[PDB]
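Chemist: Residues per chain, in single letters:
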Amino acid sequence: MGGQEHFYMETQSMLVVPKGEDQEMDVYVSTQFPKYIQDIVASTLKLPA
Amino acid sequence: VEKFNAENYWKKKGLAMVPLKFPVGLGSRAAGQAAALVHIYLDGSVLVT
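Protein chains in written order, with UniProt numbering: chain G, 745 to 793; chain Z, 993 to 1041.
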């Protein structure tokens, strides 16, 4: 049995906006799992959630 | 200051003491209500507002 592309009509899309205070990030992203985005971004930046 | 004032005609010193009672309190109980929101994330960090 073959696979399948998702073919969501909206392709992978995100806007990542630093606030410029206390290393705050706001992450606007087409995702199903905000908490996971929070974690991986925070982890990458070595920041608390 | 009285010594200075008897000795000086075109310059004077003065001294005063004043007491304070500043009562604190609004009109009603509803005016003094307040609220907050606290999240604990899984890395243990806290966001409050």
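Keep in mind the hints are simulated off the structure, nothing from the lab. Don't take every hint at face value.
In silico SDA-like pairs for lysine to any residue, Cα to Cα no more than 20 Å straight-line [as the list claims (entries may be wrong)]:
1) 779(G) / 1035(Z)
2) 763(G) / 1037(Z)
3) 1005(Z) / 994(Z)
4) 779(G) / 756(G)
5) 790(G) / 756(G)
6) 763(G) / 785(G)
7) 1004(Z) / 994(Z)
8) 779(G) / 1032(Z)
9) 779(G) / 993(Z)
10) 790(G) / 1033(Z)
11) 790(G) / 1038(Z)
12) 763(G) / 1041(Z)
13) 779(G) / 1031(Z)
14) 1004(Z) / 1022(Z)
15) 790(G) / 1037(Z)
16) 763(G) / 1040(Z)
17) 779(G) / 1005(Z)
Chemist: Hint numbers the structure violates, sorted upward?
Modeler: 5, 9, 14, 17
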